[PDB]
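Dock chains R, L, V, Y, P, U, C and W with the ligands against chain D, hints included.
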Amino acid sequence: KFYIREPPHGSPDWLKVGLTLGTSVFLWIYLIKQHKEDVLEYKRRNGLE
Amino acid sequence: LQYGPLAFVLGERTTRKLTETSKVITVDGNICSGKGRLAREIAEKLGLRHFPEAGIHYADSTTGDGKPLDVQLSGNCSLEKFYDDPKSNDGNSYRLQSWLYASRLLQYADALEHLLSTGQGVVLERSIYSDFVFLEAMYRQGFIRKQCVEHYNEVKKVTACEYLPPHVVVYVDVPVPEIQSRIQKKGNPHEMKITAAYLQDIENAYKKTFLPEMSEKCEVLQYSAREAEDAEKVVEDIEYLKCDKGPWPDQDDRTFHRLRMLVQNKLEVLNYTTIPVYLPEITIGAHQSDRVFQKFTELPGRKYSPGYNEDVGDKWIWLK
Amino acid sequence: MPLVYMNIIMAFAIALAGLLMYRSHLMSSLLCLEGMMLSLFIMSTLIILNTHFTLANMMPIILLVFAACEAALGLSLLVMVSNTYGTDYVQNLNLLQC
Amino acid sequence: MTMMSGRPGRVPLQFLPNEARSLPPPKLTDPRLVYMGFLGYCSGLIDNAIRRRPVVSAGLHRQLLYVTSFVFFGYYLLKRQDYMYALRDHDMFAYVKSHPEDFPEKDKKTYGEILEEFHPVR
Amino acid sequence: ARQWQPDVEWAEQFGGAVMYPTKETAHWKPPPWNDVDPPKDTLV
Amino acid sequence: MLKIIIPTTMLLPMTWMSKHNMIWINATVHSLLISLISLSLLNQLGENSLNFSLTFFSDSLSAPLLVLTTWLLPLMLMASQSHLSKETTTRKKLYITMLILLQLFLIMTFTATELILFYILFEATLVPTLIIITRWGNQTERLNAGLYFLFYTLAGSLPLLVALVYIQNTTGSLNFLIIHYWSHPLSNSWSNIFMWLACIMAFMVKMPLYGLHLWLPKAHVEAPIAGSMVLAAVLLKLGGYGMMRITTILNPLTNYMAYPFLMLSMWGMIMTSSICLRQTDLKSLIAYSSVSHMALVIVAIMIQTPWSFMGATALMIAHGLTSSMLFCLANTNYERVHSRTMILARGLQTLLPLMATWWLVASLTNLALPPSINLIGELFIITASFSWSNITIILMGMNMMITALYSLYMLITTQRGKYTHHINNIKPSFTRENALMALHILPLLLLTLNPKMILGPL
Amino acid sequence: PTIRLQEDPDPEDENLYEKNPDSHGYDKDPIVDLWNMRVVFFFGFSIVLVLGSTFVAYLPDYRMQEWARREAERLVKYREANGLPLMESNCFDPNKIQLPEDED
Amino acid sequence: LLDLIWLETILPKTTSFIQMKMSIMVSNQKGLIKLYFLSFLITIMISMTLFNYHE
Amino acid sequence: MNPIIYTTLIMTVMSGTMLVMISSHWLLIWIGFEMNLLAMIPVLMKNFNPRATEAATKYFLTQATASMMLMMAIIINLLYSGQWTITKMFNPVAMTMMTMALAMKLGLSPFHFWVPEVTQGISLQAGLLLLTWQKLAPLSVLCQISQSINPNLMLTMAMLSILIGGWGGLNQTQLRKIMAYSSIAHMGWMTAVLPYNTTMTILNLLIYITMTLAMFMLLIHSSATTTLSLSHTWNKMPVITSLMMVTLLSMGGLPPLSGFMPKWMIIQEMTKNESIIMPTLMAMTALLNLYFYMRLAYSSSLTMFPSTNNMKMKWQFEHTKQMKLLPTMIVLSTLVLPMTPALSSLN
Ligand SMILES: CCCCCCCCCCCCCCCCCC(=O)OC[C@H](COP(=O)([O-])OCC(O)COP(=O)([O-])OC[C@@H](COC(=O)CCCCCCCCCCCCCCCCC)OC(=O)CCCCCCCCCCCCCCCCC)OC(=O)CCCCCCCCCCCCCCCCC
Ligand SMILES: CCCCCCCCCCCCCCCCC[C@@H](O)O[C@H](CO[C@H](O)CCCCCCCCCCCCCCC)COP(=O)(O)OCC[N+](C)(C)C
Ligand SMILES: CCCCCCCCCCCCCCCCC[C@@H](O)O[C@H](CO[C@H](O)CCCCCCCCCCCCCCC)COP(=O)(O)OCC[N+](C)(C)C
Ligand SMILES: CCCCCCCCCCCCCCCCC[C@@H](O)O[C@H](CO[C@H](O)CCCCCCCCCCCCCCC)COP(=O)(O)OCC[N+](C)(C)C
Ligand SMILES: Nc1ncnc2c1ncn2[C@@H]1O[C@H](COP(=O)(O)OP(=O)(O)O)[C@@H](O)[C@H]1O
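Residue numbers (the UniProt record's numbering), protein chains in the order written: chain D, 28 to 76; chain R, 38 to 357; chain L, 1 to 98; chain V, 1 to 122; chain Y, 34 to 77; chain P, 1 to 458; chain U, 51 to 154; chain C, 552 to 606; chain W, 1 to 347.
This is chain D alone, in the form it adopts within the complex:
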């Protein structure tokens, strides 16, 4: 329909989409792991369990 290329085509930029999704997933996994180790260290230092 467009007279010009419209560089963003019908298919999305797969490299950018993959990079964005990978960054989000990696950040979420890192946050979960960090929270787990933080809870463990707090429990150990205060001796709850």
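Honestly, I wouldn't trust all of these hints.
Taking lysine-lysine and the BS3-like style, the derived pairs with C-alpha atoms no more than 27 Å apart in a straight line are [what the hints assert, rightly or not]: (1) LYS92/P <-> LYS236/W; (2) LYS244/R <-> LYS282/R; (3) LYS427/P <-> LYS146/U.
No lab work stands behind these hints: they were computed from the structure.
The following block gives chains R, L, V, Y, P, U, C and W with the ligands in isolation, referenced to the frame of chain D:
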């Protein structure tokens, strides 16, 4: 990658793509003269890209689909009613002139962008440097006011100073009686009302302002009516021009970089066409502006950005 | 403080007053700026020599270096101003208001 | 005035001392973290609106990254803020303990022995 | 029948170089559309 | 009390996700459901308040105000959809968003436990009101009105903020329960006098107090119909609620700091009632009526007695309903004839009988016909003022005579006489307008049936 | 042009009764109009008004009016039986109050 | 006399007039560095005498 | 200008500021100021025209005078105490000169005249840099030497800055001068609380920088430098004007927007000391800034101004360059009040 500072920093330079045939060409002439055919022939022989003269709907052909839009949403002016009633009290004449100047500016920006991006030459019919003649013919005939001329001069002053004038200016000279005969032979009922004074004013503006002032920037090739059909002779006359006098030889990589950043980004090109100067001929009230903008946003491929209109068949939107 | 210290401080104050009170030429004000730099150099050198602060002896030279930079900067600007007006008068720098 | 810059033992550019590891970390359902994620979602919606894209549906990966980044920064911001408030409380209590002359606990009086003036409303 | 909206006469209140013009500042001009003053013919 | 706050926040995306031709239906239905839910707050105790959490609490003073707010939202939606038919979908959704945000801010304002949170929400109500007035008002004066609405408020509220933080540095808390239990008298010093003024002037300008009322005719005349409804019915009561909250820390200074404000309230009540007798614009008359009733409320709050507090609560609720109904009644005629001049369209009883009945009932409640709750509040305040000083019955008495006059004057000008001959575009009343009038008026008489629900904590 | 600007003319107001003689004044779409009327009437009168009034009318006595009346009845009965005064001017026992030692 | 004139005159109109006059006084400078550099000199001397001499 | 040279100059500006921020020696702080000014002068002249040259000349004169006074104060301090470390400033005359020099660098009243002129004479990008990044170094030095400040002088300059910012902004139709007067008033607010709590100064600086970045980026997105050219933006992109209106309301300090947070906090801090009259005056004066922000909002978003015919052509094209940080800047400028206690992390 989009052209920018990063592309210029590493690699890309405009000066290397110029291969002695860049040569922005414009082919001016009076009404009904065969300047378009000559421009097409020049472009075909020299291998340059031909730009047909920018009309009311030139911008339509470059955005969305190349089809023209309704006159209400694009242009808001008429050439036919300019011929029918040039002294209409609704401001049609200067509105048409201003819209045509904006269209010519957009076309010049497109041609410069193409030349600087590919190194291929271009051939234009008229330009922003030549539009003013029509304005002059409008003012001498009483079709527009002096305030309109002042506004036009302001816009031209802030716009046309940022670009490079064409390498070679080709002019086709046709006498006014011959032009009237051609117009009569044409058959368009709107062009038969063109008085000879209007054409004479156009010719006077050309021969007394445009050609003298353009001859200082570069040499001007003038051809009469009979020696313009022989396009090969015009081409071989163009091929032996010593073009080392104008601003084009005074261009290096950084100036070309600035110009290339300017010619893209058409919003920056058109920035100063809508300056807040409130002439009744071109000022549009808030209610009409709102209604017309709402009408425009409802066109099938115009609500969103080009690749995001699912009602014209855009897929994978939710990943873009 | 000795009399010499007061004299150098007075020289700095005079140069500052000369800079703050423009007559016509930008060049005269640039000269007043250079005079302030010179007075600061002399004052710092006298203090550093009096107290035998050995490592501070390189400090005044550093000052001079940036003085030159500041001196160059000013001159550059003056050139442009002159190229606009054919003169270096501060009266011509009035396109912008408050 | 700067209260805590010269506090002894402070490492210049740490952002999270080891002592802070003795405090309970914020929960992942902390309402402040939820509000930070809401801020990220609003940023994504505004990004869609400015770019003339369908506001709610245009980029799901971009919106997800917005929310994730805001939550990720907010977690550590909340940790540091809680640590600073704990430090303030610790210092205040230690100072009160070490200067009993400036913080005396005076004898308590009941309201049956305190004479308060009565102001009638009329 | 319709909501009032500003017209040209209303919009011209904000088009001057300054609000609340006085006798002194009535001759102040707004800056050029692009920030380029015309070049003077200060021939040397 | 998140069971009321969260559904409004859900109204927001429900409006922004609705189909283009279902926004009004969905908004009205769920607004009415939220009002029904908020009806449960009327179950109050005799000793203390409902302390939901550390942040929100409900008293016998704020619960009827919350019910009034939640009930006013659907009425505003019904009144707005007529003159917004030509609007685009996005702008209609933005208008509804402004109304929803205003309701949320008011709901949180009436239940905040701390004074600074109350201040923040009570200032946050400014933005949606100003946007509504200056974007959807009809005439060019709206812009000026907006400015008058803004600065008049802020010039009162900026000192209050300072006082508030100062108080928190002195007593250590701004929690209202702690403030009430740990109350200490205010001595007679210049510092205490200026603290009193800082604590009082913002609420005074909100009521508004006579002499500080000039913003109100402008803002309430230039606003669209929903703006006028919410300005008269709820936003004026912020001042009274805040004053009744803040007076717990101002004794015994009030005993003599109230004299200028009492004199201003009584004399300016007479003055604004008199102004109503010569008014050419029908909306301005209703605005000045609001000023007179609020002067009565100010007197009641300033004399600080249980009877005056009960009367003030009842009067605020009754006035909210009555003034909103009167604004809607005037808006019907304005939409028919596109002019606010009172004498333009006359003899409307001949053309619109049921609307004339609505006009009669609204004007009857305005003049406080017994046993309406308008009359109950007015009589309680008058009795308390009589106890304060026997001479007040003069001024109050004069007010009772003037009010009825102008009230009936309004009716006689619009409904009686002969119809204007050249006005031929007066169409029959729509079902929407009649339903709006009924949904205004029936709760008034229902509340008369059980008046202890609007009599407050005293 | 003797004009100041290009503007649309002010349009006439539309009568909802022209295209819909029984129009209810809610919407130009007759079906949406009818359902707006129906939902307003059902959720405003049938649900909130009548049911809310019934709910408020039968709210349980958390204000403790009847409890206070019964307590006062017991107090009056006891005090009249033993000949004590019905009410005392002091609501606090003076033995729990310590006045200041000196008044001079 | 009261609602349309004097009550307008005292609080809002006086405030608008005063703010407008002060705005005109403050903002109307020629943009000449000579004048406000002289102002800078005056400020420096005043700050050296009024605030600095008293310590 | 070459992009490489522009990047080098921007990096040198930032390096001078960082040298000011990390130095322990007064000479190195002065050198950081010199390097920052030397790199900043050409950045103001990037688009060459007489107005830019005039602005650069005025800026150079002001900053060079300020640096001379700075060095003289340092040398006096060394004379009365052989110390080079940035500390409690053992001499009062030197401290007065230091305060005046830093105020002249910041543009505080009465050394305020150069700010509107320089801002009006340069481009919007240069104005963004000048009004955001150029405040960091003098404010950092003032925070470091706050305990030796004379409260009378700084409070006088802060109150004057607030008053003059409001009054000067009341008179402007040019957007850059409006931004400059707003900057003057906000610098006054920042320096009013400095002798009492530097954390509040940092918080106010951060919020002001966020709001100013959002403002300047919105002004660059819609190529408007005057009120009348900004009044056209509604007919091209209404979303930009709506976001601008909300940002202006936040800059006005209205609750519950983020711009209310610093003033609130500052007022509270001032009441922790005695300081009652000054905060009341400051708020009542900030009402003027709110007034001219509201006038701008009236012109650009709340009413529709007449447009031009050629605007139709602009409807057919999209914005090429996109600012990646604009949405986050807008969100941080508006919806940040509920996270107020996080300011504890600043100290
Ligand atoms: C306090 C409690 C919490 C509240 C939080 C704060 C408020 C909400 C968050 C704020 C940010 C959120 C949205 C940001 C992006 C919006 C930008 C926008 O343009 O919107 C258009 C967009 C519609 O565009 P479209 O769909 O692409 O097609 C229409 C065209 O684009 C047609 O577009 P157009 O451009 O052609 O139309 C032009 C129009 C376009 O102009 C606008 O649309 C204005 C938008 C400005 C954004 C707000 C500014 C920044 C945020 C600060 C807000 C401050 C709040 C504090 C109070 C002060 C109030 C200012 O401009 C005008 O018409 C001029 C009108 C002049 C009026 C000026 C008033 C503007 C300020 C009012 C702001 C009020 C708050 C936001 C209102 C809602 C906006 C959607 O709106 C939306 O649809 C998005 C909103 C809804 C999405 C969220 C729904 C979530 C999912 C549903 C399920 C819910 C989950 C619940 C969990 C439970 C499971 C069941
Ligand atoms: C308007 C909204 C404001 C937002 C401002 C920008 C937010 C994004 C910027 C992200 C910050 C990146 C920093 C994280 C890297 C670690 C750096 C760390 O080492 O620095 C520490 C410093 O920590 C930082 O200061 C904390 C930055 C967090 C700022 C957020 C507080 C904003 C106030 C609350 C508003 C809500 C914010 C919501 C966030 C989205 C070292 O402390 P110190 O070297 O000894 O301090 C020197 C200065 N002193 C001594 C004079 C005090
Ligand atoms: C348009 C409507 C706006 C809203 C209306 C607001 C009303 C505000 C009025 C303030 C009420 C009283 C304020 C202070 C109480 C007493 C004032 C004074 O006149 O009384 C005498 C005060 O004596 C003298 O009058 C001294 C005050 C004289 C200077 C005040 C200036 C008043 C002149 C009028 C200016 C207009 C002000 C309003 C501007 C709009 C009492 O003698 P004294 O016992 O010793 O003072 C009591 C305080 N002590 C105990 C701490 C000592
Ligand atoms: C169109 C034609 C009109 C005329 C024809 C009408 C035909 C007859 C109908 C008229 C009926 C006459 C009314 C006579 C009163 C009888 C009912 C009365 O007895 O009930 C009252 C009860 O009335 C209710 O309590 C009052 C209604 C509550 C009002 C709330 C309105 C709903 C909310 C709507 C939105 C809120 C907006 C306002 C915000 C504040 C008494 O309460 P109470 O003495 O205790 O009862 C003691 C025993 N209990 C406790 C066990 C029950
Ligand atoms: N700037 C202008 N103003 C008014 N009319 C114009 C303008 N440019 C082109 N036209 C109209 O375009 C028509 C034909 O254009 P022209 O190029 O001269 O003939 P041809 O199509 O044969 O090359 C003429 O009626 C002429 O008036």
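These are the hints, each one checked on the structure:
1. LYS92/P <-> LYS236/W: holds (20 Å)
2. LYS244/R <-> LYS282/R: Since the Cα atoms of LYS244/R and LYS282/R sit roughly 22 Å apart, the hinted pair holds (cutoff 27 Å).
3. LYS427/P <-> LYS146/U: Not OK: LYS427/P and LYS146/U at ~77 Å, beyond 27 Å, violated.
When each numbered hint is compared with the structure, a violation occurs for hint 3 only.
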